[PDB]
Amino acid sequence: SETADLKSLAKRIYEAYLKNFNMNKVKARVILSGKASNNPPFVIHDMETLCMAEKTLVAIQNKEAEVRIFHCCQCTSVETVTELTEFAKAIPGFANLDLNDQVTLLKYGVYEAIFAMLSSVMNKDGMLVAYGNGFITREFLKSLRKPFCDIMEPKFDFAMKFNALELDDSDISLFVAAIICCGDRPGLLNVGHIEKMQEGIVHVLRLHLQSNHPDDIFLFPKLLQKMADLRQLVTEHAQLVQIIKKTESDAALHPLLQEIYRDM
């Protein structure tokens, strides 16, 4: 056989994902379903609960509510960018790429990966925040003033469709690997090397989905559509963040994130 070398590569990527991401789907669903070791998450559903959560659950406070949330979200994405970087290094072959291509892959890959994985902590009612110890409601976010109320809703729309696919962490680990090792990105020096790397990852992904989800043999095609959906979601997100930058006085953007967004 020649399928053992791929089933091996699958486990290895899955192990790198388990090692590198504090939050994952199994952990999130244990919390969301109420099967946690201790207490249910603190629900942030209004201005009073937000203030409570700010003092109690996370380590600025002077600003408008919308800006304070915005800053909190940037703290989370900066954390996830770091985790993704480490995960990428642990993907067999990624470290052998041209140094600049490695940077370009992560620059253009991270937000697609972020929103794919964020789905794991989202349900129709809201999402986990503060290391799984908080839950901010979807309707609270929608009750904020424009343009802040428009930011997360499209992510909820994506997540609900993404979550309908009922992927587990073994599936998501490979999907995220496929997102990062993508030959389509602009400014790539060695596209050939990346295309071949991608070919390997997408092959293990298809095979893994076929073994793990025999009840839907067309899950792989469905995931490829979600991949296209993610690019558009990220394009839109970049636009929205730039509107906040061009119209909002007290809303600052973390310098690492400024750099990621730069020259998209």
Second form
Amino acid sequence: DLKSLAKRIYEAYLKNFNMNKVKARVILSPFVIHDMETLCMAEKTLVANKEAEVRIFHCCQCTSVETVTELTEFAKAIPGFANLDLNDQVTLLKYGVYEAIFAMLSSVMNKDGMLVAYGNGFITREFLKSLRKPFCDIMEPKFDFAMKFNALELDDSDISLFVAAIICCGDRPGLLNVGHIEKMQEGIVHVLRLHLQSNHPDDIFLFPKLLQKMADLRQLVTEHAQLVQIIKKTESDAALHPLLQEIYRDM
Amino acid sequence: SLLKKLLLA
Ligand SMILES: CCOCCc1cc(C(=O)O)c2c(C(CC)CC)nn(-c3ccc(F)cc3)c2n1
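Return the structure block for the form deposited with its partner chain bound; the form deposited without its partner chain was the one displayed.
Following is the full complex, with the preceding chain placed first.
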């Protein structure tokens, strides 16, 4: 039922994600990692051999695995997601999680850097660029997306519905019940429209802005998968997590 | 698949 959809999705978002925008802004207002020296100091405390870029790569992909698991439980709480055939549930998650990951990642980013290690570290934007290629080519487009996404000044209530709409996308390749998933998205999107009307009355054009952000994220992920394959084939020590290689396979 | 394993929790 759509009368409680917005609250239900927001509650599921607060329930399932270890980090959100309210929690992140409080912290951002944390050990600062800005060079090889502070990276090693941070790793001495927050990590239980390999090249510095491969170590960050592993900490990054381990974070994504955790976010994928949180997103999986979040989707389970979206009304109607569990009723879909299990193969449709896998497809929606497969193509949706990284659009959602980079959307939510904006919440822990500012112009100078981003929070890492469950809010305990803050790595600078310049240090990531100072790394060697191709590892220094990864985070730049995400910071750029996050900068324009953060300018919309969404809160966690807006973001929860946005992520739900990302997951329940009837456009994904290989979906079985397209017509029903499309109806699920229509309801989520309609609830999002109504919520943006009440929560952001100063911007009566915020909803088309968010529609474009969904398209921008699909392009950001497709280009990102290209880098995942560059690393999988040409970086020996940069082993891929089984869950992530499952997600990126044939996508 | 692991994604199936996550969804059958
Ligand atoms: C907040 C933690 O997540 C950040 C966001 C993030 C996500 C991913 C991801 O596709 O899952 C990722 C990767 C993949 C390969 C391209 C691993 C599968 N590599 N990097 C990455 C590595 C080294 C850097 F110096 C910077 C970023 C990444 N970063």
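Definition used throughout: the rigid core is the maximal C-alpha set that superposes within 1.5 Å between two forms. Only residues modelled in both forms are compared. Numbering follows the first chain given and starts at 1.
Residue range 5-7 is the only run of 3 or more whose C-alphas all shift by 2 angstroms or more between the two forms once the rigid core is superposed.
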